[PDB]
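Quick setup: one chain, the form solved without its partner chain, written in structure tokens, and binding and motion questions come after.
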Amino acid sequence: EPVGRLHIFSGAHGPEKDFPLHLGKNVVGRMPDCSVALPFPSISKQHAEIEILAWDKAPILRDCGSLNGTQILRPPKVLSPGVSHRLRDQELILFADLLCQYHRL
């Protein structure tokens, strides 16, 4: 049923966790209603989104106007609001200071 998963490494925020990613918009945010719920003060209510349109198309990551930002490593930079970034299998990203890794299932 899920197309991918997002792994959030253990850190200053607490223990490791994994989140399934589905077709459609997967919201990353502080609230429990988010697909990727990260209840930490540095994470915005609607922080970012990972949109998956098809099983065989790369997910697209966007920042939603978050306070503390989203960072990519291809190339290393802050991903500004509204700019699309296509994720590759095993790609690492940061939401505020939280390191995450995307896995295609």
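For the two forms, the rigid core is made up of the largest set of C-alpha atoms that agree within 1.5 Å on superposition. Residue numbers count along the first chain shown, from 1. What changes on going to the form deposited with its partner chain bound:
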Given for the second form:
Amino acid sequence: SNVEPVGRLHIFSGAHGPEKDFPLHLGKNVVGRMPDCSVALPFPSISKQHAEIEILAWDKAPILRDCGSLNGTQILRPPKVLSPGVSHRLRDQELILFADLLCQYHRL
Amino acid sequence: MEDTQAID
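Switching conditions: you have the form solved without its partner chain, so give me the form deposited with its partner chain bound.
Now the full complex is given, and it begins with the chain already shown.
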């Protein structure tokens, strides 16, 4: 197909199982437990619709928003707890927690 | 799908 990834979300391996890599595309990339999510994370602590990474351009910082998750979305180095709907701009190599799951965003 | 499980 035609869509070209403009980013990558890495889900670290751990107690929940092996690592995963998800391509991120222009527009809205939904993170959640639903199999239809752009970034599907089939784990009990992840909300059905957990967060959204919106990418407007390959060379502009994405927008991360929590979608009213139960267990939260957080940014590390330094710690930051995201309020539902509020824009957070992602930097290259950003470490993100969706609930208890550690992830890392990469520019391509 | 079932409800999200709170971290306890």
